[PDB]
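Form deposited in one PDB entry, single chain, as structure tokens, below.
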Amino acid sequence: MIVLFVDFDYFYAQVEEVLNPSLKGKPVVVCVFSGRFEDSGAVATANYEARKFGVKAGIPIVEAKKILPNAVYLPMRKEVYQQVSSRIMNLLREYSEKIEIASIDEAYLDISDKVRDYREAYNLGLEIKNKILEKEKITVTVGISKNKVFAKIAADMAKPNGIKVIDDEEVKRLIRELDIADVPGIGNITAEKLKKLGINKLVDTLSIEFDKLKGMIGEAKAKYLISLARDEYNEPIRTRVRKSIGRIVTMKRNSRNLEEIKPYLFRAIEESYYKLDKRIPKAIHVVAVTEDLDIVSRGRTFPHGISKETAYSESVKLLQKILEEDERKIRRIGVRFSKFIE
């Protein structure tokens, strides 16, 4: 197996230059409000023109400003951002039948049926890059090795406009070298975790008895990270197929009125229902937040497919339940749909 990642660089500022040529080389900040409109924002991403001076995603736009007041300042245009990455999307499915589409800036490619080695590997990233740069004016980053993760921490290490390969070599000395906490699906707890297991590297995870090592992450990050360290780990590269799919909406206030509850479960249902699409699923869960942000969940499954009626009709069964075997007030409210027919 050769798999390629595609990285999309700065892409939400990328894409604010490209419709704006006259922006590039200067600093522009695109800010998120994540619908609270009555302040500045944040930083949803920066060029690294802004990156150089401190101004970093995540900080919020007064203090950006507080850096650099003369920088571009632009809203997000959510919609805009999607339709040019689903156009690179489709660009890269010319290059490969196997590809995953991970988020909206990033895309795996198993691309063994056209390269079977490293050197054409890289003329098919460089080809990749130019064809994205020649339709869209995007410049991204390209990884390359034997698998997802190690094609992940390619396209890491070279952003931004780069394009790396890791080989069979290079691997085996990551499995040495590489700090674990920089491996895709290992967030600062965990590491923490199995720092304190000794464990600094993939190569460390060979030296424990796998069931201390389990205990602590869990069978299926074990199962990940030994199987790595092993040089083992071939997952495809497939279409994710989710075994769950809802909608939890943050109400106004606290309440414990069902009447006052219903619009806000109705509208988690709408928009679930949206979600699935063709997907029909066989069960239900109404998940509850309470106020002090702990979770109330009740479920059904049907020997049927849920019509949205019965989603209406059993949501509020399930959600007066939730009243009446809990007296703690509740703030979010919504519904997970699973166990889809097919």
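Numbering follows the first chain given and starts at 1. First, how it differs from the form deposited in another entry.
The chain shifts as two rigid parts between the two forms, and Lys78 rides on the same part as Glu177.
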Contents of the next structure:
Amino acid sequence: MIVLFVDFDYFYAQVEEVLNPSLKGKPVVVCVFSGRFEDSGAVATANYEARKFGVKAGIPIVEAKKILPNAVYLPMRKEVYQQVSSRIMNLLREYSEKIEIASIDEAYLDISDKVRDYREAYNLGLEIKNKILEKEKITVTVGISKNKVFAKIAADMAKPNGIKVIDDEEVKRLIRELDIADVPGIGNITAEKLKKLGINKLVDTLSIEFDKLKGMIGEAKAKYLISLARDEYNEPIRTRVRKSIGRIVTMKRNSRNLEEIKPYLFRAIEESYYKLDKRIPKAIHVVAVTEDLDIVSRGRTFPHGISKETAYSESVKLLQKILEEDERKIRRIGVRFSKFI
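Since the one above is the form deposited in one PDB entry, can you give the form deposited in another entry too?
Chain alone follows, minus partners and molecules.
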């Protein structure tokens, strides 16, 4: 089995560059403005020019403007990036029937029944990067290995605008030297727990009694990591389907007032239903982000689909439940619909 992972370079920003080439060259910062104060919000992402000075996804626009006060700042245009993505995604389909679209800019392809070896996989890679570059003018990074996991790691090493292969020879070397924290699905919280257990490299998971690993990080993560170090990780490329659709917004100011919060919530439901586009959910959740950035949600499943009408009143109940049960203020409020018929 041969997997080929494709990850579009600094996507949102590069899309902005494509639409207005004049940007090419200057540091571009695509940010999500939260309507609170001036320039309140976080950075969705930035092109590498800006990344060099520490302006990256996650940080306050405010901190960004402080570092690069003269960089170009754009308001994230999701639908646009989304449509561009869908196109780039379609091209890959022309390279493999089996395609797993991981995110707005990631895809895995099972190029087993199309290639015989890694030399040919690499070629197919270059051929792909080139296609997308002509058709859309979008630079992407390619990763190629024996399984999805190492395929991604491959790309992680090669970006930006790179193409790398991780042959069975290197796969073994990495299992031995790759910092466990660079393994997908291993965030800070998990990586730190792994340190305390002494586990610092994929292999290290072998030097520990299973059960203790399962207790410290969970059975799922355990079996996953272990199957990686044992070189037996082999999950197939599966077409994934949307199981949930929601939307959350940020309020001008924190609140615990049902009448002041209702609007925001009702707005979230509006967009949510619009995105359902003929999809009917039997489950609704009200999600709330407390002033101290904590997250609490209250949901409910129904034996029948949900009308917007229903969703409206039901969501007010759950919000009331949140308020009655959580003394803190609410910073962000939203809804999430799932369990589509």
